[PDB]
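Q: What follows is each chain in one-letter form.
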Amino acid sequence: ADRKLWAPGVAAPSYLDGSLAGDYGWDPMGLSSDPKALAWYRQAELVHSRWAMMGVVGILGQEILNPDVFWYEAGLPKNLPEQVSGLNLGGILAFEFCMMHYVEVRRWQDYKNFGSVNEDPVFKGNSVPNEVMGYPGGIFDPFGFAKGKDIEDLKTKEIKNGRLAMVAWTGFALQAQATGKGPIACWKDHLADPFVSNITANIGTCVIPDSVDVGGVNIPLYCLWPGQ
Amino acid sequence: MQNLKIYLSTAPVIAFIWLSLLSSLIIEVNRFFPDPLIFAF
Amino acid sequence: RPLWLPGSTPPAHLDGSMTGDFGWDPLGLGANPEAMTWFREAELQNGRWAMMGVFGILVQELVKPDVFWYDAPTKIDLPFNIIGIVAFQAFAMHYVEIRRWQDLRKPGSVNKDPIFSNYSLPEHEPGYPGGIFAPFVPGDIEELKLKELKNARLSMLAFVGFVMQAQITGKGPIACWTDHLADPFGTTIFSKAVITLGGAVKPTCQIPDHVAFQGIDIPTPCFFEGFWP
Amino acid sequence: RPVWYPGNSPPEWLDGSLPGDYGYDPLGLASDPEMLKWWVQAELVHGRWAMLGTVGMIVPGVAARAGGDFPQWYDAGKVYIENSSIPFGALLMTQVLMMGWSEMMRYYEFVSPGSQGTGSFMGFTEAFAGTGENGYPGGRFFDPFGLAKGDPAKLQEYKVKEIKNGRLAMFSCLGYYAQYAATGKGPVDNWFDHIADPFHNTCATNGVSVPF
Ligand code: CLA
Ligand SMILES: CC(/C=C/C=C(C)/C=C/[C@@]12O[C@]1(C)C[C@@H](O)CC2(C)C)=C\C=C\C=C(C)\C=C\C=C(C)\C=C\[C@@]12O[C@]1(C)C[C@@H](O)CC2(C)C
Ligand SMILES: CC(/C=C/C=C(C)/C=C/[C@@]12O[C@]1(C)C[C@@H](O)CC2(C)C)=C\C=C\C=C(C)\C=C\C=C(C)\C=C\[C@@]12O[C@]1(C)C[C@@H](O)CC2(C)C
Ligand SMILES: CC(/C=C/C=C(C)/C=C/[C@@]12O[C@]1(C)C[C@@H](O)CC2(C)C)=C\C=C\C=C(C)\C=C\C=C(C)\C=C\[C@@]12O[C@]1(C)C[C@@H](O)CC2(C)C
Ligand SMILES: CC1=CCCC(C)(C)[C@H]1/C=C/C(C)=C/C=C/C(C)=C/C=C/C=C(C)/C=C/C=C(C)/C=C/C1=C(C)CCCC1(C)C
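Residue numbers (my numbering), protein chains in the order written: chain E, 1 to 228; chain R, 229 to 269; chain H, 270 to 498; chain D, 499 to 710.
Chain E extracted, bound-state conformation:
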């Protein structure tokens, strides 16, 4: 049934019912269709929503709990903590790749076919339970709720919080880019003197260096819009 559609008068597209989680029946590009695309796009919307939700919290956690270290940088082996700083990022990235390349390929193949390998290799006596394409959690949910009680309602809260992040996190990347300020910092500026702290100012300046090199002349930074 119509929950509430995004614009007041609109026709929900045919393929859009509201069977999925946060459906408002908004696909004006008509891009999702022939649901083999929908399944694919849904996966991205999830995966993006999740990394954003972790991202947004991780950025607030950085700046609040580490007042220095302007967030948008954080990468180069200066801001790094004491135990690190001398782990040679080229060896740090090495440690990451083989870890993510497995898990992601592990997830991708479980999109191709479905219910195919949800089971542990190695010990191979055990598996994650049934789902629909991207809701695992025998292990991935240890605490067992969102099983018997309302499930899709928690799914609904998952997207609506996720979509908020993807936009919010995007705000981070463009704010920190033009201002040169962490999220809670540029917020503090606004509350101080809004009329002159507004986006009206400090546009036309990306205020970012174009080199930012570590072990060489490396890593060109192309900003976003060509503000000088």
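One or more hints might be untrue.
[To be verified] So the derived list for chain E, only partly shown, Cβ under 7 angstroms to chain H, looks like this: (1) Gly58; (2) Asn88; (3) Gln109.
Hints were generated in silico from the structure; no laboratory data involved. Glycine included, every Cβ here is placed at the ideal spot set by N, Cα and C.
Starting from the known structure of chain E, fit chains R, H and D with the ligands onto it as the hints suggest.
A: Chains R, H and D with the ligands alone, transformed into the frame defined by chain E:
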């Protein structure tokens, strides 16, 4: 392409094309081997 | 059945047949029954030389004296020339092999011992000569046959490591073994090169060209340095 | 079928089965059924020389970043006969001798597919016999890995890749020529020049393509 060939096979076409192959050739033979009065070379 | 990719969908022409078939054909070379039989020998041949080869280098270094393997000079020295050996190498392997190669193409005709007759065996499997070649038979089953590939297919894959590692790292196989466990986050040749937009670093080959052997050039360059990371 | 310039229909004569047939004949040069099979080979040949030409241009270029002293594809002709050791005439006339043999052999299998592998060229029956399609010889020599022998459904799927990779190699190899005549520098040099300062290295800034 069927009918474009048959037209290119008309009498005046070949008469033009094939003389312009002699004419060109006989012109360029005189470019590299100029002034040939007698066959002496 | 178990597959190289646990969720995969093995190609049509390859199902559960050959010893140790996990369903790996990006290019589909096995769809031809004649040629796949040929390729079936090569996998054993390349495997069975590499296995005996990779075990060579390792023993050649750790228990043995330590010179990572570019060496003509040895402590078995050079007992009979070189061109002496290569002379005998050709005729040796020539008989050894054009003999076995014929049991591939026209099977069974070779089983007889050429001088007298102890023969060999029935015709068996073209790439698994029984009898005198396999007296001991440690495992009793073709489980051991599948057990042979999975070793070799690793060793061949392992051998390429020895080349490339000994290209730029300029050290033997087990030298860089211990060198990694000491400060692991260094020396991945992941760290050691980048090539991002803009910046490109590559480690230079630690082995030179023109190695002097008995007054002979022997250019021996590195393997496609320009495309290294 | 996904034709080029969507919304039209293919020229009525070719809708047929050809690898990589998008219905593009805007001057209608396939209108002669006898001639079409001659163009289908013509493309296949160019597509195959393209794909070899492109790599032959890029690799010596890409090799030059690390050093290793090669020339660019242009003025690699001189550099060889600069150092010479064999005359230019002997080389170009060994071309025409050996090369002309293949082509004039490749031709009479197109004319009459039966011959060329009947025999009596040093034996070699069935290696040259040809597999029956226009530009695909198949066989022992031209096809050492025995591919295009097993599953045909996989084969027809290569024949599409070969063209589509060929049509791109041609259209790129038109770029190597044209962007040499303007910027006067190697293909990978340009691939770095535009990846370094994209803004002032673009096409309008070569001063040739956009005259004033
Ligand atoms: C929707 C329509 C629209 C459009 C098309 C634009 C377009 C533009 N706005 Mg704009 N704007 C809009 C709506 C719009 N705005 C609205 C609704 C607002 C809210 C009030 C603003 C508020 C606004 C501000 C506050 C500013 C702009 C600026 C700009 C320009 C930035 C271009 C740029 O970064 O070039 C990159 C390069 C330049 C602009 C350089 C031009 C200077 C000389 C003549 C050229 C030589 C410099 C060189 C080429 C650049 C690199 C070197 C550098 C180190 C200087 C661009 C022309 C900015 C501006 O003036 O330019 C940044 C600026 O400060 N706008
Ligand atoms: C905004 C966004 C997507 C917006 C997409 C939109 C609007 C698409 C809309 C449409 O398609 C629909 C809906 C319907 C169509 O009919 C119409 C259109 C219009 C086509 C994605 C952002 C997605 C953003 C994401 C996923 C961000 C993830 C960020 C992460 C993981 C950050 C990590 C770090 O911050 C930490 C954690 C620590 C730091 O120190 C270091 C780093 C590494 C930088
Ligand atoms: C790695 C290797 C092959 C890897 C091949 C792969 C992954 C192929 C995959 C595919 O084909 C399939 C599966 C299916 C297709 O759909 C897809 C492709 C991609 C086509 C061969 C190495 C094979 C390696 C071989 C044959 C080496 C033999 C020789 C040795 C070991 C001798 C060594 C010595 O002589 C020295 C060097 C010095 C002396 O001092 C000591 C001694 C050590 C002993
Ligand atoms: C073969 C080819 C390139 C071959 C490259 C070679 C050999 C490499 C040579 C080199 O390595 C050497 C020798 C020496 C090196 O040191 C240097 C070089 C010189 C580089 C390009 C073909 C290049 C061919 C190209 C680009 C053709 C484009 C044609 C188009 C678009 C035609 C379209 C139409 O015909 C249709 C399709 C249908 C009609 O109805 C409509 C129209 C429009 C008529
Ligand atoms: C969200 C966002 C908005 C603004 C920008 C952008 C639009 C691009 C987008 C950014 C997306 C992201 C996350 C991009 C990722 C960027 C980065 C920095 C990726 C990683 C870069 C650096 C890496 C791996 C490692 C570098 C270290 C190198 C080489 C070498 C170090 C070393 C030295 C110096 C020499 C020898 C020894 C050794 C160890 C090799």
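Q: Please go over all the hints and tell whether each is borne out by the structure.
A: Hint by hint, here is what the structure shows:
no. : hint   : verdict
1   : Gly58  : violated, 23 angstroms
2   : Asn88  : holds, 5 angstroms
3   : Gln109 : holds, 4 angstroms
Of the numbered hints stated above, the single one contradicted by the structure is hint 1.
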